[PDB]
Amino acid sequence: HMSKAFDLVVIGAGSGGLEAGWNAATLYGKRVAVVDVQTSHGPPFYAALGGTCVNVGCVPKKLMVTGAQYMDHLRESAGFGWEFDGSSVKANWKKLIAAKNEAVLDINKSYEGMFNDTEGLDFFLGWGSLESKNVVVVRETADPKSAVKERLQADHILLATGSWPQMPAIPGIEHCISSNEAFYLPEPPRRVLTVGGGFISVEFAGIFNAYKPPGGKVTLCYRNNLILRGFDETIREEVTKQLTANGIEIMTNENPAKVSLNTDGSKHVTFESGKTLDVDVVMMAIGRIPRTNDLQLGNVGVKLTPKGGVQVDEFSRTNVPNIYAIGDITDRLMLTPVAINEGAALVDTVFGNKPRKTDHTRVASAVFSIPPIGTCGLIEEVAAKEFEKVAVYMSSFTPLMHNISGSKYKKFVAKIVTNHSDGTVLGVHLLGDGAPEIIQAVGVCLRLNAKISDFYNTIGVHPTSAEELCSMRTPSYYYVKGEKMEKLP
């Protein structure tokens, strides 16, 4: 019936909080408490022990995109001489969802095990909030009036509560779902609208498109001209064509104004334009917002940015000296490995006596579109605002295997962006099979300040898509003080 005392209390057992907690306890012998709202994935709170990534993010979406790729594989097999009864082919969504659920539960169960087993690393179930500088309260619900399960005394407090889907305030929003519900749909939708131009909308569009019943149709809508803002424009344009080529309708310059129920219970969507669409599911994927609401940060005066994130310095420190924030709650790069790196850096700094800041530049990342994106570093239009002379090396071709497969639309894109003044690689952008696998080691290259000549003097592995990166010596074009041109004056 007594409070417990820790060196470190972590609110959120996800990618950042688990890295921080494990490292503090096992590398530096600190007493660590980690709080989360649920021990295993799914409703009601979706995220759980292991975080968004394990439960309703990276791990399950990747298993589901892997399942969806078999639609391409089954059709593309025919060109290589594979024969079977095409009329017999069915996509069983319930088996996919059941296989994903057992894989996720197995990870939930192993994290549970690590906590029951490790010296000075304890798990507390419930909703963590800040009572004071040195006390974390664990309550039965997000409501600050719900019953107190524990009070955790903390010399240091880490906020790592991640993010949550954003729902626009439109009439009939209650007829719409987020990515969270999409993971548990009992049946694959015949007709689905995915709202948003980001990786989550694109990734789900691919998944629904493979698993849709026979009469089915996937529509993606986006309020602006071109999906996947922040990615290379050539790649943005090519992914649009390859989604369309695979039967996904892309509605750009369109946004839902309202949703109502038809008498048959299907969703009637009215866009701002006055266009209408009937679907069985409306999935909002317009963005994710920092999960700061439930932490009662007012109790200790932890400052939020204008945009809603916990404000931090380069060492993840809030304005309250012993309170830190890492991961999606800081509203910057929303990636698992960035959250993990921030967690490991924080603990080495606070407990390890070896200060270290996370480098947020030159981070490798992927989109598991079909086919996928792999990217690291600057897109050319950003490079062009910070460097007087920028060169772009571009190779774009239908791979030979896709001339046999019949997916001629599957153009491989490889782009390298440089500072032409010294040849430093600023950015590498890939579209096509293996692009996420190719881009990891490119991340090491950029952290070692690689120049285009470091790439072109490296001997290719043949035959691969990757060898295109080691075969480009003459720019396709330049930017000179922000202006695009084929040649230097």
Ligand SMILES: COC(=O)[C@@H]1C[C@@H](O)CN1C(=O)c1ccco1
The other form holds:
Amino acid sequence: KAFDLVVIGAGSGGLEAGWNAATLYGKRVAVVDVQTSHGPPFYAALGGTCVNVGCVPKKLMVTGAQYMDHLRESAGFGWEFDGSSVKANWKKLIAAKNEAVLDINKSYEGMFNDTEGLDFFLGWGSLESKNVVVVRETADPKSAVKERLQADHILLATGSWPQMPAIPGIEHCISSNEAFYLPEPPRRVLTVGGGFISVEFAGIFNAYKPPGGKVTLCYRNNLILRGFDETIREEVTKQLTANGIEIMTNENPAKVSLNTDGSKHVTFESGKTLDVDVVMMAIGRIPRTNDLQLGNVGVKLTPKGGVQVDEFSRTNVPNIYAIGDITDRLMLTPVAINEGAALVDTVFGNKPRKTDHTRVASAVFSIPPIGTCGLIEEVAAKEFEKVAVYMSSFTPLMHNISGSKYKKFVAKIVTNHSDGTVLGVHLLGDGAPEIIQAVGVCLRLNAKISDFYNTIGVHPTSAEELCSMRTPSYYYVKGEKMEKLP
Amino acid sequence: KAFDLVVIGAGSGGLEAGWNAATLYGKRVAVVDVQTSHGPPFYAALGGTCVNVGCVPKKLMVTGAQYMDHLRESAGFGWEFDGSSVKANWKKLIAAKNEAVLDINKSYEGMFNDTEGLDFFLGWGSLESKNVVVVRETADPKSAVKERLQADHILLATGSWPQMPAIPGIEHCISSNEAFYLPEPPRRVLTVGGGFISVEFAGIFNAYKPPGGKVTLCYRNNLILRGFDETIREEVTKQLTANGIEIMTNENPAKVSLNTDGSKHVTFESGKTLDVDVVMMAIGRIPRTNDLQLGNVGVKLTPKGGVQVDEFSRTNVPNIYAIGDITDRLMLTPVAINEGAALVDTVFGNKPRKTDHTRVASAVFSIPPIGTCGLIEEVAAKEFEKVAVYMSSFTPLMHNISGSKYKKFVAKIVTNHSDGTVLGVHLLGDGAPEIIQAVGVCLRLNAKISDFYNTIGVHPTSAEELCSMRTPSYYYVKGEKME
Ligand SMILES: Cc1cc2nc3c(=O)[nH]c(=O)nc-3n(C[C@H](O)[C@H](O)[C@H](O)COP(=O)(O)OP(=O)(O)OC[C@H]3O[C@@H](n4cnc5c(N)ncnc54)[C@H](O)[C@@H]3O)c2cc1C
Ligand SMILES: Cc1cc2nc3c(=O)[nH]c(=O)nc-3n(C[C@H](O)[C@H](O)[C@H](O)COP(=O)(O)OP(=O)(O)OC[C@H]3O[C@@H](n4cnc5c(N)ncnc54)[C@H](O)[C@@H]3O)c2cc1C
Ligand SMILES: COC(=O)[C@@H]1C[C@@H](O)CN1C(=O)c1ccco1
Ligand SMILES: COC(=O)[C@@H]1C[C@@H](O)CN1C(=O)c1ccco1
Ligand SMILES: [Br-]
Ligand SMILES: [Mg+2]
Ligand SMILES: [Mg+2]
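Can you swap the form solved without this ligand for the form deposited with this ligand bound?
All chains and molecules follow, beginning with the one already shown.
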């Protein structure tokens, strides 16, 4: 019952820290999670949110959703078939996703069996004391102890959970957790929220809806995807609309009731109403701190609710660290993994390393998708006296032939115009998530715009647009947008 | 008529050079090409090989070919439709391709009409003297003179042309040029060659083949795609085979005759026989210098027929330059364009610049495709004492579900293990040509493996594999492979 490291949460960050500590530094590791495989009741399980009810199944389902566009687009290239015979079998998709997620769950079980020092414990981890984690039967702190784990080092890696707004009839609504297990594809669905999860699910439901279906996405403010490039926010909005999704901006559910046929009657704050089969809330995710009983050792939380951490993932309590979504910063898997890898290389490697929270590449698997790294221009413009924006936006040739004329590719480079340093790169279109990864490496290397334009293009690709931009489209001078410099 | 620059060949490199010299440096520029729009009889035309019978139309046709996989793969994600209704209409693909290419032809026509100091001349350009380009009716130097252009500076930018082996029945075979104009998709086709053109057309013809059809690729050597990463050469062979293409390595055509039904009877050196509807020779491209009458001026050619150039694209004759395929080096459009821009900056801008032919990102639009930049490990191992290989190879999850379990993604990083400098990056799988572009920028910035593995991944992507490799798979020490 004695460990160098006890990790609460067998997720993206938890397993990276766990595995590394064991395989690289031959350390003695305990990892706690509430479930060994995906789905109800606790949804996240061994592997974490990403594996079970996040990046992995979502990406399989977006890939499934993309075939609605490929089947149509094929016609431009001479593919002929009976379009009246086309059906999207959601039940197939969910069964194939479940098998793929289960195989990963089994994979992690394999990893824990086949690794000296690395041991998995089932149940609910909380903090007894500075150096003891208790595993109980349930999330109730009164439930039975299954284990008392002695820890020289404790890692909090419990991730996040969907926020459900406290409106009348919220019990008629689901989150992404339940979206992954719907037995039938909804004919009419309201996705609530303007972030990546609402956007990605609107695309998924749009592809799998039965005949006479309608996807509506509502967002409480004016323009979806706050924090992304503004040109891309506007374009994603147009491209989702072009593919049949209704975007209701400046709208927010005030209440939901069940109609007598089991459908949902949504009343908006504005007084508008909408009948749907599913209401999926995707308005936020909040760190999972309640169940850890952090009051028992006095781990400090932020005004927001995340575990407060320094640059080395250290809480206010020596030997207690926190990575990933529990810190309520950038809620992405590779960030959690990076923080985990750094924490272990630091503490057990004697090789201190801090995660860089700048210049993080990320994606939205919207149809079509977003790839982005670094600052949007409005943010750059407040930090840098002179910012240049390089922009290329056009419908690629393939999509003129496919008939998807609305699929404008957007490539934007934001620079410090004083030295040419690239501050951010913002892509919308097929392949954007793949294109952006090596751009993340470019930004780590302090690439300038001249490093891009002096590189020889790969032709023909969308990516070569990033190496063809020599002249700013416009600038910000002391925060002020203008076409030309003074 | 008198010009600062005369460009023979209105192609990738010629147009970059002409447009830059006219617009950036205010020079009076003439550009010569044999045809104003794509296709027979001369195939290349205004815009060049890439526009007319190269990168642009081939990428559209590979995109078309990819739908065979998407339609099949859709089933794993629950898509249902009547498979027996599926037809690949090649006529529609060719029509869509022709319209796209002709629009580009027309836009280039409009660029010349609307750019003052940039003039287009139709016909066959050759050298009369070191400062005179003659434009004639035909490739025959006795054909009628249309123009004589006085030139301070002459750029040779005539590209390359398919190589056809001098075998009996060569006349019954075609090249890529004719493949772009086949009115009907061949039921049985043999692509001859192991290079990108053979492999890309094998995938195109494999998707559009009518029922009961068969695509065969033959190559003289043991393993297609020499010059590419060896793991990728092996895997792309497996993945082509898995999609129904017959790869005949260590085989070469000895002759072709017509069966009585007009189909092609191929006899290989090995005494194997194959009956096909089309034989497409893709064994090589040779520099197009014959028609230039370079003997009029004494421009030095290689025995192969390439124009010899220094690093600044200068021939042995002052004021005569050559860029692009005619130089018989790296036969890529972006390289031709880079060389044209560097030449004009140097000559007209006094901004001396030479093209870097190292660490050039390129792609093969095979199905699935290749993206590469920099050295393969066998080459690195001869130039560096210690070389590390970081390799990740696995069927991605979407392809377990899709039913294309054969589709392994390969990601390989080759380093100088002495300092970690990345020497090469080699990718096989969907997205590879898009992933490799920004890797080009990384290699220009002398990125080390640590710069890749300390970059935060984008998940889920194939690209994130590049940023997830901490530990070498194997090494070369003084040219020798060590596990
Ligand atoms: C729908 C969706 C889509 C997403 N898509 C992407 C994407 O494409 N790319 C991306 O990078 N990120 C994506 N994310 C975010 C990603 O899932 C998270 O950022 C990441 O999983 C956070 O990792 P973590 O280590 O913080 O915790 P998690 O991976 O969430 O692991 C936490 C684990 O802790 C366990 N746990 C919690 N409380 C306790 C307790 N008291 N005792 C024991 N175990 C406990 C849970 O069961 C869970 O398995 C997505 C998220 C969602 C919900
Ligand atoms: C099937 C195929 C696929 C390819 N795919 C790709 C790819 O995906 N990516 C890539 O980067 N590269 C690709 N390439 C290579 C690319 O097309 C060439 O590298 C590029 O076009 C060479 O440019 P250039 O300026 O040297 O000549 P070109 O673009 O070939 O232009 C030469 C021009 O000169 C004209 N001409 C010739 N002789 C005369 C004369 N005497 N007088 C007047 N005009 C003349 C021709 O009509 C032609 O238009 C491909 C090539 C082929 C054949
Ligand atoms: C693509 O990842 C996201 O959408 C992340 C995850 C969560 O932290 C919310 N979020 C953002 O707001 C955002 C803006 C730009 C990039 O990310
Ligand atoms: C995609 O780029 C290529 O395929 C280029 C184009 C042409 O130059 C041949 N080639 C090679 O790289 C090569 C080396 C040895 C055999 O082919
Ligand atoms: Br070989
Ligand atoms: Mg174990
Ligand atoms: Mg003109």
